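Student: The primary structure of each chain is shown beneath.
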Amino acid sequence: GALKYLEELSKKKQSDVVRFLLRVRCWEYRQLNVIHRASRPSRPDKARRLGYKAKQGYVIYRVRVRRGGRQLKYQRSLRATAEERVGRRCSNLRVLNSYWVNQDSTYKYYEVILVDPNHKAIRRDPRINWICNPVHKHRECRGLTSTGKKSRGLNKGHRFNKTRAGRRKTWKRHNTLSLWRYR
Amino acid sequence: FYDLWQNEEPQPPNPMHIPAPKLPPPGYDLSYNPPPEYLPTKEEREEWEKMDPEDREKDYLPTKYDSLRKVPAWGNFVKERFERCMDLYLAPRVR
Amino acid sequence: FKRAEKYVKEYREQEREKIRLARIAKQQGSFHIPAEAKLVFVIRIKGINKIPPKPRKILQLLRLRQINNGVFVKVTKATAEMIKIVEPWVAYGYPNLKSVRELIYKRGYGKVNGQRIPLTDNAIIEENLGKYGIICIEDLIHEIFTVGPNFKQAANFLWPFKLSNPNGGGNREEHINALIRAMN
Amino acid sequence: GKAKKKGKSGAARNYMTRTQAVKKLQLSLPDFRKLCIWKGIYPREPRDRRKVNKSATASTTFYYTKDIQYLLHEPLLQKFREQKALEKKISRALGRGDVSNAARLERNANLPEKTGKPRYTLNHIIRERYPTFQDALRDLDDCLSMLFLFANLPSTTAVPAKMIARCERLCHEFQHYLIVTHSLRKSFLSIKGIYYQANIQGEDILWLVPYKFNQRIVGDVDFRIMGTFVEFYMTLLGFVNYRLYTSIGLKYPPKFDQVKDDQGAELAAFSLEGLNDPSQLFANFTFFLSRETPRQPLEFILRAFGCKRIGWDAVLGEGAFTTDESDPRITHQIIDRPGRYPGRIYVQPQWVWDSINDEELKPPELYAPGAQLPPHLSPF
Amino acid sequence: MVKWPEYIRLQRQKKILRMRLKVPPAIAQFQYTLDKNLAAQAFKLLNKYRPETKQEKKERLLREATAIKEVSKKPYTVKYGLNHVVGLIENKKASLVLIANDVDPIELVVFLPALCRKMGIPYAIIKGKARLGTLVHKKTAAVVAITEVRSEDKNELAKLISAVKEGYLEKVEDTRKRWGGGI
RNA sequence: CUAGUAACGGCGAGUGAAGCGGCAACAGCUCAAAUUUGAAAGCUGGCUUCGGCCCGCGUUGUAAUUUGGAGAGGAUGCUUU
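Sequence lines, in order, name chains A, B, C, D and E. Counted the way the UniProt record's numbering counts, the first sequence spans residues 2 to 71, 91 to 203. Counted the way the UniProt record's numbering counts, the second sequence spans residues 323 to 417. Counted the way the UniProt record's numbering counts, the third sequence spans residues 51 to 219, 235 to 249. Counted the way the UniProt record's numbering counts, the fourth sequence spans residues 2 to 277, 362 to 423, 448 to 489. Counted the way the UniProt record's numbering counts, the fifth sequence spans residues 52 to 121, 128 to 240.
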């Protein structure tokens with residue numbers, strides 16, 4: 002049960018050992034590329050609860066994103101921008117999920133989990149082979165990931181009345197004049 | 323172990339194929355007991371030992387022996403075989 | 051920097067040498083062997099590093115200084131004293147006649163007049179001593195395969211054969242024939 | 002109306018140098034040489050070495066393009082890559098530490114030092130090399146004579162003693178075939194050693210056997226190269242004597258006894274069961374070999390001409406006719422020395462050599478010991 | 052003058068930074084590793100308890116299946138796997154623990170010396186995640202634990218445990234709570 | 001249908017839902033959080049006489065068990081392939 006100890010550590014990320022590790026890793030990542038491949042996740046507890054498995058077909062990619070304003093504000097999140105740049109880089113993979121890994125004064129650093137839909141280790145596993153279907157091509161561009169669902173407001177309740185079934189679908193329905201035959 | 327020729331057909335030799343020239347047959351010089359005409363002078367043996375190796379027309383000159391137990395084994399036998407081995411795999415042959 | 055473990059291994063391995071050598075000198079200089087005389091071929095075996103003086107002089111007496119060389123020896127009452135003294139550094143057993151045949155033909159080297167030259171000819175065997183019934187290579191084998199009245203003289207002409215190092219491979238009854246077979 | 006380059010086309014395609022050959026083959030410098038003896042690839046010379054390559058020297062060696070194409074299309078190249086990783090994997094369990102895994106990989110290696118059988122399968126290589134069984138006897142001129150030389154030779158790192166014991170086994174197998182079918186006709190001796198000439202299916206085979214004496218290998222010689230021609234002529238003579246042994250119909254391989262061979266029987270250790362001018366010379370004769378006389382060549386010659394009973398000393402060997410010289414059954418006793450039984454006639458081995466050469470029973474009075482030997486003649 | 056490659060320089064600068072910064076006292080304790088004698092004596096016992104390889108496990112299965120066609130006790134091996142070993146620590150089922158000093162997400166092993174201290178299990182930080190993986194027939198192994206040994210060697214395990222609580226954990230005692238590096 | 005209701009509004013222009021109710025269609029599940037630890041039991045490739053052999057992934061975790069209107073482990077006895 003080592004991963005329960007890691008979950009409590011990520012909670013305390015201002016603390017002495019986690020501030021030290023985030024400092025020495027953010028320094029290392031600045032000399033690296035903007036988008037580069039990570040052999041293993043920096044937070045293996047977070048990746049695994051987001052869906053990462055140590056199988057042939059799962060890869061981890063680390064990306065830095067510029068932080069600040071676009091006072092115009094970009095409605096696209098920094099996490100969604102992190103997903104979209106990696107999916108452009110790996111046009112053959114599928115973006116599964118992403119998580120925060122580090123940040124700086126200029127950049128924000130994210131690790132993204134990708135799944136190879138053509139690897140037949142992936143194709144044979146019923147827990148993941150839904151992603152081999154072509155309705156899951158480029159989920160990060162359609163807002164189908166966890167960042168996208170948050171920014172689209174796909175939550176139950178009276179607070180999310182305009183957006184829970186699709187915001188534009190709601191507007192088209194309410195702005196349609198419906199005429200029947202026997203009026 | 324299986325037999326080789328379950329299907330054998332003749333093959334014409336290409337003109338590029340240059341075979342190795344065969345070694346000369348053992349002549350009358352190589353014998354242990356030559357005639358006294360083939361027996362050389364002791365001065366000729368002493369001069370032949372004085373010159374350096376690989377500077378002679380013949381690497382061997384005869385010497386009359388009486389018995390088989392008096393006949394020794396050749397010192398440079400493996401040297402001659404190895405020099406042959408370098409001859410047919412490191413020295414090219416002009417047609 | 052010799053580690054301490056090596057020091058302790060030394061002393062325990064020298065005390066066991068002292069204990070066994072006392073047991074040899076306690077009982078007698080004899081071995082439980084039938085009265086029929088045989089011949090033993092002994093081969094140097096890599097063993098205990100530090101040699102006590104009494105096993106060392108017995109290697110010197112058997113001209114066994116450098117490693118892996120080997121000599122022939124018959125059985126006397128005195129030989130069994132040297133056999134069980136130098137035993138942890140040697141391998142011994144009765145060889146076979148064909149095992150001698152390779153040892154004089156393929157493994158044969160020469161010793162005459164204090165300098166070690168290889169065997170040259172049968173007449174050179176005559177030139178070496180060639181006198182006490184020594185006419186060919188089989189003279190040595192006759193003194194070895196059969197017990198020789200001048201086998202001590204035959205050993206005097208003899209030199210310890212520098213046997214060949216094998217690659218990855235108590236009295237042996239005839240299992241010493243397998244010893245040279247990997248060591249020829 | 003177009004032009005090309007002179008150096009690019011033509012003689013550069015047909016002939017390439019040894020350096021260009023090993024680069025195209027993509028093998029190490031030694032690994033080319035074992036493969037090149039295997040397929041019989043020979044360097045040869047073009048008519049113009051300057052025209053083939055402008056930057057060339059007479060010391061440099063060229064090679065045939067199709068022969069390199071034959072070298073590229075060999076299964077040994079795949080076997081070289083699989084075996085190269087196999088010695089890489091024998092450094093695996095040795096490095097990390099696994100004695101059992103190092104063993105099971107090295108029984109799978111099947112290394113020649115403990116088998117005698119060769120490391121690589123030479124079946125398809127000799128399939129493409131020698132075309133007919135007559136050329137096997139033509140190549141038996143070289144095949145036998147080194148293995149009689151190698152069987153007398155001691156062991157080195159390149160040639161294990163089990164390889165020589167298999168050489169001495171295979172050299173004895175060809176001898177047992179010759180003494181059954183009496184194919185040995187002519188024999189010559191010289192400073193180099195003993196030459197034998199035998200005709201098999203109309204093909205004369207000549208091989209040289211030096212005397213039973215350790216030979217100095219002093220100088221610059223390659224045992225790694227020499228160990229390959231052991232593997233060459235092991236399989237060839239093993240193939241040659243397999244074909245001829247079913248040709249004579251006797252069951253193959255011949256049965257062998259270990260410890261009775263270990264007693265020093267040499268030639269006489271093995272049993273042969275026939276179902277699974363030469364004969365008239367010494368058809369009914371009795372022979373004894375003394376202490377000086379060469380035991381191996383005398384027994385080989387006598388059994389090749391149908392001598393029924395040959396005896397010798399108990400220290401020369403065992404499993405023979407009765408050692409005792411007082412036994413009056415012996416007609417001729419071979420003695421070379423510097448009882449005096451009137452029944453036994455006292456002779457030399459030279460009388461045997463000249464009476465087997467002329468095939469006319471040369472007189473033992475002219476060949477009486479204690480007298481000067483008349484000069485002999487070469488059969489060639 | 053001459054120019055060095057990018058990943059070459061970053062390897063050396065991280066080594067300088069991890070040893071010269073103000074390291075918190077949970078990573079600084081990993082700089083203290085046991086002696087050469089104690090490591091050699093540890094692997095003398097542990098190599099006697101090596102897990103079976105895939106080749107010899109299959110051989111034993113073929114042995115027992117053959118005898119069925121034509128009686129044993131519990132196997133005592135060396136326990137490995139971070140999630141497995143932490144559970145063996147938490148149930149007090151382990152007797153000696155060995156921890157690799159070079160786990161590159163170090164968060165997987167930071168709590169592990171202190172968790173063994175809390176439950177009383179003797180631990181020793183060892184050089185080589187590669188060395189432990191060799192012991193347990195993998196490329197890598199972050200942690201290695203012994204639980205129970207056979208009766209022929211209960212004495213030399215208790216001697217090895219006493220050599221850890223005397224030769225290693227006594228020297229670490231007043232230097233595991235102090236910050237590393239400086240300058 | 002609620003309903004041009006609530007709500008927000010240079011309270012002008014105007015903008016403008018949702019719950020309930022009647023229908024259409026209906027279907028529920030997979031992980032992470034556990035020690036298989038009396039046995040990485042899992043998987044990709046290659047060679048294949050297609051039968052089963054090797055390499056590699058993987059213990060920084062691949063199978064089986066479990067997913068909080070649950071569950072696990074024992075015990076007990078019926079019922080299912």
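There could be a bad hint or two in this list.
[Stated by the list, open to error] Some but not every residue of chain A turned toward chain E, in silico, with C-beta under 7 Å:
no. : residue
1   : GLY2
2   : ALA3
3   : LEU7
4   : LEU10
5   : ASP17
6   : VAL18
7   : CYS27
8   : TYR30
9   : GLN32
10  : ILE36
[Stated by the list, open to error] Each computed SDA-like pair below joins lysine to any residue, with the alpha-carbon atoms no more than 25 Å apart:
no. : chain 1 : residue 1 : chain 2 : residue 2
11  : A       : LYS14     : E       : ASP159
12  : B       : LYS380    : B       : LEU352
13  : E       : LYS66     : A       : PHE21
No lab work stands behind these hints: they were computed from the structure. Ideal placement from N, C-alpha and C gives every residue a C-beta, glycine not left out.
Student: A separate judgement is required for each hint: does it hold in the structure or not?
Tutor: Consistency of the hints with the structure:
1. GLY2: holds, 5 Å
2. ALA3: Holds - the Cβ of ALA3/A comes within 7 Å of chain E, reaching about 5 Å at its closest.
3. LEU7: Holds - the Cβ of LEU7/A comes within 7 Å of chain E, reaching about 6 Å at its closest.
4. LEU10: holds, 6 Å
5. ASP17: holds, 4 Å
6. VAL18: holds, 5 Å
7. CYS27: violated, 12 Å
8. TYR30: violated, 10 Å
9. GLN32: Holds. Min distance 6 Å.
10. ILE36: violated, 16 Å
11. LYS14/A - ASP159/E: OK: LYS14/A and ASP159/E at ~22 Å, within 25 Å.
12. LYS380/B - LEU352/B: The hint holds at about 11 Å.
13. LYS66/E - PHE21/A: holds, 15 Å
The structure shown violates the earlier hints numbered 7, 8 and 10.
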